[PDB]
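Asks: Listed below, chain by chain, are the residues.
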Amino acid sequence: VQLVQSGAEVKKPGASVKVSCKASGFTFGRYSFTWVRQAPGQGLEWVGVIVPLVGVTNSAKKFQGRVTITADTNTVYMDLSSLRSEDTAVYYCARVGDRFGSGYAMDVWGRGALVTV
Amino acid sequence: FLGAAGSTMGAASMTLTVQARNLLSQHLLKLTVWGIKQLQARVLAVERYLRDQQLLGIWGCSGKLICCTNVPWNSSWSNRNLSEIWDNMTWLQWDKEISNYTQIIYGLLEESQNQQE
Amino acid sequence: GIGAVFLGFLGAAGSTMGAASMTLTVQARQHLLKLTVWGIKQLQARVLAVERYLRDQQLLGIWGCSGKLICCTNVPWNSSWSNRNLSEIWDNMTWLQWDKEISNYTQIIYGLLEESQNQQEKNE
Amino acid sequence: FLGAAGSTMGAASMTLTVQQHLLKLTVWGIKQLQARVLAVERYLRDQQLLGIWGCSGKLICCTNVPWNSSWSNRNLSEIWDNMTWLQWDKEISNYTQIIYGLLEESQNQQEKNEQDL
Amino acid sequence: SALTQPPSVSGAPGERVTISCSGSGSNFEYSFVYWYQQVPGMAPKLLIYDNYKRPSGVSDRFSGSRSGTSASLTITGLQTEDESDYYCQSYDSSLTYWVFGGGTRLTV
Amino acid sequence: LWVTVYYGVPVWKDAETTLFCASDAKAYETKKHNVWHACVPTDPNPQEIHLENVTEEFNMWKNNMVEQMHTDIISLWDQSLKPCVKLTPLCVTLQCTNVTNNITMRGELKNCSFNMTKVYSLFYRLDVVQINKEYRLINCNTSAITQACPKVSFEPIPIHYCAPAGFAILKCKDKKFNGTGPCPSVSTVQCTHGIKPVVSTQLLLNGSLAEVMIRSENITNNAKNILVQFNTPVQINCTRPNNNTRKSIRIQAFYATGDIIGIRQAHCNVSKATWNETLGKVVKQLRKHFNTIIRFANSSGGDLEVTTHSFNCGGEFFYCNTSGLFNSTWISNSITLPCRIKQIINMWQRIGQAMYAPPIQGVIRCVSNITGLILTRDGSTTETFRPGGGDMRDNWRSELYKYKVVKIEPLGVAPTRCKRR
Amino acid sequence: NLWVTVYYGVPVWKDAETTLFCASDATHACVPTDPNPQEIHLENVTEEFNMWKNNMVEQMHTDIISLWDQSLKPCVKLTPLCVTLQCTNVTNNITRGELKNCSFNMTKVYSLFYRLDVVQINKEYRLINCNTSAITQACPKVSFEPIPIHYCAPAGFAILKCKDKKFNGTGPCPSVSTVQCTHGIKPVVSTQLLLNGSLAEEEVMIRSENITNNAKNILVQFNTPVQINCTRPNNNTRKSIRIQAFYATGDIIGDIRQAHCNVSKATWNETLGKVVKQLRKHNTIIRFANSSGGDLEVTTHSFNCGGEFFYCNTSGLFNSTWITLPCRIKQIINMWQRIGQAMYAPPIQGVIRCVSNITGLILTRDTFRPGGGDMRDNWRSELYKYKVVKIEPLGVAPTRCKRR
Ligand SMILES: *[C@@H]1O[C@H](CO)[C@@H](O[C@@H]2O[C@H](CO)[C@@H](O[C@@H]3O[C@H](CO)[C@@H](O)[C@H](O)[C@@H]3O)[C@H](O)[C@H]2NC(C)=O)[C@H](O)[C@H]1NC(C)=O
Ligand SMILES: *[C@@H]1O[C@H](CO)[C@@H](O[C@@H]2O[C@H](CO)[C@@H](O[C@@H]3O[C@H](CO)[C@@H](O)[C@H](O)[C@@H]3O)[C@H](O)[C@H]2NC(C)=O)[C@H](O)[C@H]1NC(C)=O
Ligand SMILES: *[C@@H]1O[C@H](CO)[C@@H](O[C@@H]2O[C@H](CO)[C@@H](O[C@@H]3O[C@H](CO)[C@@H](O)[C@H](O)[C@@H]3O)[C@H](O)[C@H]2NC(C)=O)[C@H](O)[C@H]1NC(C)=O
Ligand SMILES: *[C@@H]1O[C@H](CO)[C@@H](O[C@@H]2O[C@H](CO)[C@@H](O)[C@H](O)[C@H]2NC(C)=O)[C@H](O)[C@H]1NC(C)=O
Ligand SMILES: *[C@@H]1O[C@H](CO)[C@@H](O)[C@H](O)[C@H]1NC(C)=O
Ligand SMILES: *[C@@H]1O[C@H](CO)[C@@H](O)[C@H](O)[C@H]1NC(C)=O
Ligand SMILES: *[C@@H]1O[C@H](CO)[C@@H](O)[C@H](O)[C@H]1NC(C)=O
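Taken in order, these protein sequences are the chains called P, Y, X, Z, Q, A and C. Taking the authors' numbering, I'd label the letters of the first sequence as residues 2 to 52, 52A, 53 to 73, 76 to 82, 82A to 82C, 83 to 100, 100A to 100E, 101 to 111. Taking the authors' numbering, I'd label the letters of the second sequence as residues 522 to 546, 563 to 654. Taking the authors' numbering, I'd label the letters of the third sequence as residues 514 to 542, 563 to 657. Taking the authors' numbering, I'd label the letters of the fourth sequence as residues 522 to 540, 563 to 660. Taking the authors' numbering, I'd label the letters of the fifth sequence as residues 2 to 9, 11 to 27, 27A to 27B, 28 to 95, 95A to 95B, 96 to 106. Taking the authors' numbering, I'd label the letters of the sixth sequence as residues 34 to 69, 72 to 139, 150 to 162, 171 to 185, 189 to 266, 269 to 309, 315 to 321, 321A, 322 to 324, 326 to 353, 356 to 398, 413 to 458, 463 to 504. Taking the authors' numbering, I'd label the letters of the seventh sequence as residues 33 to 58, 71 to 139, 151 to 162, 171 to 185, 189 to 309, 315 to 321, 321A, 322 to 352, 356 to 395, 414 to 457, 467 to 504.
These are calculated hints, taken from the structure and not from any lab test. Backbone N, C-alpha and C define an ideal beta-carbon position, used for all residues, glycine too. Any given hint might turn out to be false.
[Unchecked claim] To spell it out: a stretch of chain Q is covered by chain C in this simulated footprint if at least three of its residues, at any positions, have a beta carbon under 8 Å from a beta carbon of chain C; those stretches are:
id: 1; stretch: 30 to 40
id: 2; stretch: 44 to 56
id: 3; stretch: 61 to 74
Put together the whole structure using the sequences plus the hints.
Replies: Here it is as structure tokens:
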């Protein structure tokens, strides 16, 4: 199983970015997906989480309403609005929890898609 | 199923096949328990048949009805005239005359097939 | 289950008799209370199928075939039954076509098998 | 047959030849019945297997295909004498498919030679 | 919440390095801490979940430890392969927010 | 040469075997009261092994599932009337009055009152006959009527049919197949599709969907009924716009129909345009067997189960004209149907025996699919096709036109150039 | 020469995965128990009997999660409760200012919530997580009492069972017997303390994946039952609120205290001495700390009882370097360490007192601190001696024979 991920993109300030993660080898079942990003040369900073089973979403609360994460049945979509220079980073997505829904440690990671502004 | 039980030994030898295919021979709970007795009966028929079949299987017959062997009959198990055997010596009494020797015959047959192998 | 076996024997019906020959060896290989009742009929059908397979096996037993599949016997085939050469009778016909023409003589052949085996064992 | 487990093959071979209160009864009656049928059906599939190899319910059969040293082999005496052979299958376990092929091929060639002759 | 890591800890091969996981918050007494390794430029992998456990395909050399409000990731048998960055996070089960550490660079 | 036996080659021979019902888990779980007996659920594993170079002579007018599966309905439906209570003492000299609180109906309902061991009741003109204000039920004395239990309903439940081992079902999949003669695609399946025990006269409500096909034992013969399956469904919505009041009388407990809440006759509706389009498709397909002149006249006459369109709707049985759907004449180049309601009905044309429909409260509405038509050729100007129906057998044959039960004999012989030793 | 001979009738087997029943004596997919289970002992038999790579545990956990979720989907979803909650602290009695009387403008009603079901916000306060969690409530009919549940094998599968009381988890034990129907198993959710379960008779038994590793847990059943007399000393009141009527707490009856537990100090200290006797088998001192942190569910001894969810830290116990515990309860709960879904645990009136067992303990080295936090480990004690087995009567062996 793996998280195939979209390629690189080049966006403008306040533009719209929509990256993808397609569940390769497994269905949503009970897993939950999180989106994390990494400023080049900086530590990972959280972005969001979705639970496809019950539609629960969240964010880091410093993306105040800018980010929405959607689940379509197969893939997950997260969109950025009102981009600034600080939002250029590699936006990873990962799978949270094994079967049964337990756990919170996200261990399966997509290769990492880069967005630049 | 017995047919001509007391007939002459020669008579039974012809009709061994027994016409070929004929040789084999609250409301919810009340109806259910009746079914168990019915099904328990039928499987009991099959299990008895296969054990007999496998019993022939150990011997050099494996389900061929009449089946010659390689064990010479010892002239000690209350032998009489060969003609009388197939003239008046009916099958049922022929069992009672043998009686104990069947276990001897069963044991004797087993080793002959194995030493053949 | 044996239930799928029978129409498994029916899987390739239009194939040539030669084709079925090799495929044959390849073929040789309150909800509680409602759950109780269904248990009977599901079980009742299966044990019935077993008797069906034994009956044919026993029928195969009377003839000189034991329990093998591709059996042979030494009873001559008289030309009176569907006089036609062995060449085409295995390639351009079908089993459904074959037995339909034979269906006028099934019982006599089975009877002809019985004594054919029978004489063999006595004078053996 | 299960009781004989835990003995050498020299010992096993000989032993082989000889070889609502209503609600509880009605449900576990079916399961006991359910097991009995799977005893017979599983028996027939084995008999079908022994049929194409050239045995057909002969229990201690034989075949004319040699035991290549490529399979896990030792001195025959120890296999018969001292090696408990419930663990013998663990030796010949990943070799158990190809060996059946040789059993499968041996009969097919054997009958073909018989068919020609 | 928030938590801070030392920016870099170094050592010679064969030593027993201990990277601290401070920044412990008031709620950080709860909220399991994990440990992530990333080869710079590659997708970060997992090392330790639920403060001591280790996934199947992860070298036995790493190990976990929790000390009061602080945490620690213990390494033995350091090799040249360990040249990477280690990030530690905690799952604040109250507000349902993962928070990541600053970043530790283990240099041989 | 000699002969050799081959246990396992495919072989067929037409024969009749007793099949067994088949159902679904969730469908079985949803069985409040007895809307229709426990049935085996079938594992959704349709083998549908499509055979190649295969051809078996299907038939539909000599099929033995129809006579079989119809018998299953009769025995099952007899059990639906067994535990309920007979209405033998119920009938007495009545005092019905032509009371018309409201008029749509036209005085169809009656304010019947009986001196029971003195309560009033409502009964349509159908279920009561005048005698000589004194009246009585149509046939209580010199007859036998059994009311259905109020709890039970009469909504159809899909049923699959599976043969026991040793018998296989052949299913014809050819798109163009009038019913008789060989079928190219013969797919072997153990459990057939979702047969629906739909109870209806000439208008086939909510059955399997077909091009429109014309199927007949013999067209030249006027006697045999002509089945026509529709390729495209025609929606039919039909309502009873009156809230029924159910009053229980302790006699056992009779269920009289109390005064209606506020009176509009039950009525069915059909999209006139869609009906007109489908009928042209019918007449264009009929002309294949025949340019000519085609005329439609309404049901000629007979019992109330045939003169009109009888069908079941939410536990209530309606009798409605079809004069609004079979009045046309065609050459080479919404509609509302008045209805009646009956509570004492004798379905399946049985004398003496009949069942009393218990009242159903509220306004009754239902929607279904008009997928099949039953036409009767009249006795060389034009061939007027009046709607017939009648015999309950036909409504089964529109579904079981593509299945047969065959016995497989894996044993077989062949004269092979081989000898034993 | 060495030629093969097939030997039908062989008594060999090869263990394999399968689905098992859910036989109990009283949870709808259950079937009643078998009349006379047969335990056929086998003489002179040994096999590599494992208990950590077992295939029944993962089956059993999947069953419990399903059985949990099957009987929870149809309920009054707490989604309407997602609104700003007006509340105030309670000072009617203090003998502990956790409780908070909360009033809500409703289609205006009041209720009492614990501090663990109200989150700090920025005065007036809100529930822990409803805008980002699909909360659900439990039907009052269902009871969280632990019902025994047997696992029986289906047709053809013979469940073996180890008997040697000196059983170190994995490794062989030549005492196995066919136990087609298993012994009583009780699915009880607990952390740091396996409440009800088996107990070694000879002496404390220590079993783990691989002791030398400090990652894998320590699962111990020692010898004999220690009881845990623990209560809920609060006559609480439940009064319906119709929204589909979720339960709440209108008020309590007078006195207020904390759910004290009792452990019988002498017995507990006695047991650990035998425990530490075995722990030293594989001179350095062995000291029990009381875990480190991470989650009430784990840090504490989060044990269900009496239809309520207790979270009680063992800081009181496990304080020895060689009683009475302030066991707070929480209303909301997310079982199975899940993300998202969370229950509500509707209140029960009056008091509740309950005491059964402390048969087993979960320890994590650094033996030292306890924490289990993974209910899969709990059931690996009761299923420590059962491996489903499929019989394979065929067999092959070389022989000095030549057939034809
Ligand atoms: C389909 O139905 C038509 C009738 O509508 C059948 O045609 C009828 O066939 C029968 C013979 O099977 C005819 O009876 C014989 O007719 C001849 C004269 O043609 C007469 O000399 C004999 O004494 C006998 O009466 C019958 O007359 C004929 N009727 C018509 C109108 O054609 C047809 O055979 C049926 N086909 C099927 C599908 O069975
Ligand atoms: C089918 O169509 C026919 C004509 O296409 C309809 O015929 C009509 O049938 C009604 C039956 O109630 C006739 O009314 C009755 O006529 C007799 C004649 O003496 C009279 O005595 C009665 O009092 C009553 O009025 C009606 O006259 C007749 N139509 C014509 C033009 O004569 C028929 O209703 C349609 N439906 C059925 C179910 O047959
Ligand atoms: C049980 O746990 C212990 C320790 O947790 C495991 O022992 C460890 O086994 C590994 C693999 O052999 C050892 O790593 C090796 O270290 C040598 C150092 O010279 C290196 O050359 C090898 O390439 C490899 O990295 C490790 O040292 C050893 N640790 C201890 C304390 O013995 C043991 O394998 C575990 N058992 C099971 C069944 O998992
Ligand atoms: C079935 O429908 C027909 C017509 O659709 C009804 O027949 C009508 O009867 C009245 C009674 O006098 C005549 O005045 C009309 O002329 C008839 N219709 C036509 C078109 O001629 C018939 O009544 C309906 N069936 C029932 C049972 O009422
Ligand atoms: C039977 O009922 C009829 C009315 O349907 C009535 O006229 C007759 O007198 C009754 N009595 C008989 C003859 O049974
Ligand atoms: C719920 O979350 C949404 C999306 O993040 C946010 O827009 C909204 O303000 C939140 N509402 C409450 C009551 O917290
Ligand atoms: C252990 O005890 C300490 C007090 O000594 C307490 O603060 C802590 O919460 C307890 N539990 C854990 C998980 O350390």
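Asks: Are the hints correct? Go through all of them and say.
Replies: Here's how the hints hold up against the structure:
1. Coverage of the stretch 30 to 40 of chain Q by chain C holds. Counting CB-CB distances below 8 Å, 4 residues qualify, and the rule asks for three or more.
2. By the rule of at least three residues with a Cβ nearer than 8 Å to a Cβ of chain C, the coverage given for the stretch 44 to 56 of chain Q holds, with 5 such residues.
3. Closer than 8 Å: that is the beta-carbon criterion, and the stretch 61 to 74 of chain Q has 7 residues meeting it against chain C, so the requirement of 3 holds.
Against the hints set out earlier in the document, no violation occurs for any number.
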